[PDB]
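Just the one chain here, laid out as structure tokens, in the form deposited in one PDB entry.
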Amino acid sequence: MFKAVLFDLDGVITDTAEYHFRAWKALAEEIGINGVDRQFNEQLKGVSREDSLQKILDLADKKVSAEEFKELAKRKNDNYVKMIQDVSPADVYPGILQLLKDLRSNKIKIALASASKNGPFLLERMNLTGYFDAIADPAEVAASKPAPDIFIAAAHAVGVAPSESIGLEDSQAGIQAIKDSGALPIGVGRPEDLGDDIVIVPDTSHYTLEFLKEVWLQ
């Protein structure tokens, strides 16, 4: 049986989409750029901060220096961090708490494999820190998803090889990263985004100990 489970944060344990959106919109409003609405915000989901900022600047053909760019990105981040102060245990996705409990009582290791610079903070706010045997520090990895680095680091951090592990993810790039680490991927979402050569569940309520075991057995 698998010895560890490697969790992504956003889209698996929780998300902070309403807060990211609110931060970008506030920044657009502040600098006077029209068009940053819910619909357009879709084009920023999963995109880096710099690339999101550029897409927003592009709505007004607006041109800025390096320092101005850096400052606008900082301001969007400052907004975002203020907004996430209200993350609570109610933000935990369905099934996840029970899953973490079952994993722990069966002595299966639990690690975070997230690019989020606010991972430890967010796990504290949701009261999940005591379940986590480790958190891979995204600052200490050479390359981000779909590079496998972070899943490799997560597995190693809990004393296992990736090949002893299951990875859970909601993004194509994350699925590829788990694949290339050597761990077994189980996605949440749809085959159109994730691929159809991996097991996928519709939502996180389907992530149960019992189910991960059947998947490991096949």
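Just so we're on the same page, rigid core means the largest C-alpha set that superposes within 1.5 Å between forms. Residue numbers count along the first chain shown, from 1. Shifts are known only where both forms have a C-alpha. Compared with the form deposited in another entry:
- Treated as two rigid parts, the chain shows its smaller part rotated by 27° relative to the larger one between the two forms, based on C-alpha superpositions.
- In sequence order, 16-77 is the sole run of at least 3 residues present in both forms whose Cα atoms shift by 2 Å or more between the two forms once the core is superposed.
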Given for the second form:
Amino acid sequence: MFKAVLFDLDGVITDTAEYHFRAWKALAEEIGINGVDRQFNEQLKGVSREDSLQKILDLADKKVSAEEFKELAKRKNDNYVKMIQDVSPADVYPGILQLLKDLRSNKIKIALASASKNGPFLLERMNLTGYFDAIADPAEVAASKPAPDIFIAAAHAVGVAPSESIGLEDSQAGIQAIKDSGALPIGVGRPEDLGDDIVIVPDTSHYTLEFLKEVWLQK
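Show the form deposited in another entry, please, the one above being the form deposited in one PDB entry.
FYI, this one's just the chain on its own, none of its partners or other molecules.
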């Protein structure tokens, strides 16, 4: 009965979080902010480039001009773009390629709901461009996760209502974003991190078309 599946990139399709964290931590340390650790990164997980930089600057109560803000964001992005040059189809998470093919076969729309402006480049690196009907443009999204914005945009991009879609995420902020969009969340990870009120799978191999069809019938 569902018309679309809204995929986040990070933690669902491949791991980009680790590279992003290292690049943000490196930037923070260059400008004297040493508080960007794995604990603080939970507030940074899945969040846009601009909102992630502002949260890092707020940690040390640092004031910058608009030109300086854009220079810091560009500096980190250049570092991140270098880190991901070697991303290949071998980096696609287990079960994801088969799920995409099975959704395409059943005429179910596929959309990306990532806050990353590097999303199209990453799907190209992984040879997944053809499997996506639409990619939610983060440049046209005014609020980062937990806000529903990116997931609403992902659904509208494929011509469907969020209530007619399933959202896949690995983060708490992302799951809340799917809930608030109207879409049905199916998380990948642990209940203590993602929530006890949603359907959760331990890893991406469990994300099959038949599992998604069953979760939707049981809602």
